[PDB]
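Let's start with one chain on its own, the form deposited without the ligand, as structure tokens.
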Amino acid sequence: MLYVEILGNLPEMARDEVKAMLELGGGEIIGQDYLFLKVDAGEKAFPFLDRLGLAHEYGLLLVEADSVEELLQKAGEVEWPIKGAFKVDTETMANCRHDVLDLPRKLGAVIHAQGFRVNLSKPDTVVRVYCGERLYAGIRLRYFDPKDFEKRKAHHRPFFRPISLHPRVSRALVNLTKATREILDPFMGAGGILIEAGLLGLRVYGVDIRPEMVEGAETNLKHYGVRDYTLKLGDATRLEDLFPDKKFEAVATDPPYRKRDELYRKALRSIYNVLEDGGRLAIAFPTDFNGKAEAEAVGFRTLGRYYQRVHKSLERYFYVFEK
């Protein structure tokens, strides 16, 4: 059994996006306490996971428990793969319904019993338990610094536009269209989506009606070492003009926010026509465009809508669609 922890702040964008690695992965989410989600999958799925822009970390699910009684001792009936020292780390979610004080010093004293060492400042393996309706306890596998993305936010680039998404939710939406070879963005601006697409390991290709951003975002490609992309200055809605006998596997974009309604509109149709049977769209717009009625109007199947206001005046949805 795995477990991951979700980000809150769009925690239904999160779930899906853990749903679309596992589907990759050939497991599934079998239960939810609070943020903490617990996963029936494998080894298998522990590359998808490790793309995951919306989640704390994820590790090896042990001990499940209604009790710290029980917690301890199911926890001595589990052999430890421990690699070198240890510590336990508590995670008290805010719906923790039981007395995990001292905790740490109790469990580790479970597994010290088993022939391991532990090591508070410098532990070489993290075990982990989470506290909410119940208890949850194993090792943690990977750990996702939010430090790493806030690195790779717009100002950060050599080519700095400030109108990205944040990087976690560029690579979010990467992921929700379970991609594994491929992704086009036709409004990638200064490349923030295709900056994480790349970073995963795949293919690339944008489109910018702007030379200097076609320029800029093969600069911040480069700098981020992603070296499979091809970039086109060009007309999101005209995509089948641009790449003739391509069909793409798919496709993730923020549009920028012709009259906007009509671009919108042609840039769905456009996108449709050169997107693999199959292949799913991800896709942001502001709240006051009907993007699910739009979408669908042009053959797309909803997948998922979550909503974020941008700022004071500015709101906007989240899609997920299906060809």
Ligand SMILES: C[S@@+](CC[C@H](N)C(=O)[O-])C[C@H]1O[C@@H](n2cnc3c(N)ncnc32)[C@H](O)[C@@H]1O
Given for the second form:
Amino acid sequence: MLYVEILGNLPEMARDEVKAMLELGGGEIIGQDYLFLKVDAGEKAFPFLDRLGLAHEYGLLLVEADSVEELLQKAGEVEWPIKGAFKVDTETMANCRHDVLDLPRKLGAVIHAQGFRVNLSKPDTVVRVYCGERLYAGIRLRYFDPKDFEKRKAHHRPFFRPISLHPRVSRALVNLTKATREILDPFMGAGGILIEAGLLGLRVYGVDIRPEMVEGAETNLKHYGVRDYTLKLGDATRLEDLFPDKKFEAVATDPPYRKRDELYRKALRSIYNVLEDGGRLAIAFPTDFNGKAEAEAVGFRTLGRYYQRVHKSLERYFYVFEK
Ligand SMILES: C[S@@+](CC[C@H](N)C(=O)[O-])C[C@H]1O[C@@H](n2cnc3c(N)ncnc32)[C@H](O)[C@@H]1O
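Rather than the form deposited without the ligand that you just supplied, could I have the structure of the form solved in complex with the ligand?
Once more the chain from above appears, this time first in line as the rest of the complex follows.
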């Protein structure tokens, strides 16, 4: 059993991102306690969970209990896979219903008795306790540091344009398509989505109608050590002609906000036509465009729609569509 802690700002999107990665990894979510997900999966899922953009961490889930007394009792009956020295670190969620004061000391004593030493300042293994409606104990396998994503915001890129999604959301869009080989962004701009895809080890394709963006995205992709790219100057409504004998595994994009609606309709048709059967499109549209109806009109099935206000006079949805 595993656990994943998700970010709370876009919690349905975050849960669906985990669902998508678990589907690749042969597992599924079996419970949720606030922003703690109980996960039925194994090591096969680790490389996919490693991809997450809207999660705080994941790890092994070793104990679930309905009281501290029960938590400590079960923790004694578990073989703890501790590497090196450990420490206990509790995460008190907003819905915590338990007194966990001094729990790190108590659980620490239980685990220490199994022949493991405690290092409070530099642990090799972090034992985690989550407190929500229930108590959960396990071992953290990966922490996703928010800092790593903040460091890839637009003003840190050699080609700076303040026109990208948050890197975490760019990453989540890529993952919601479940791409494992490649992805296309036909409105690529400064390359924010393709940067995340490339960092995930995917082959990337990009289009932009502006030469400066084609040049700039390449500058940024090189900056992040992405090598497996194909960038083209051209029109997202003509992907069939741009990539004549190609069906893409996945598409993720944030289009400009021709008349707007006509561009969107034509781009949806063009993208549909170059997607593999079973392929997915992750895409944002401002809320005043009927994205669901228009995409379904061209043949897409809608898998997800997630609302986000951008600023005081702009709202959008993130969509996940399936051909
Ligand atoms: C706001 S940027 C979004 C970039 C990208 N999806 C991302 O990660 O944010 C939108 C880009 O679409 C480009 N664009 C506008 N019309 C286009 C078209 N018909 N075909 C391809 N690109 C287009 C613009 O030049 C701009 O760089």
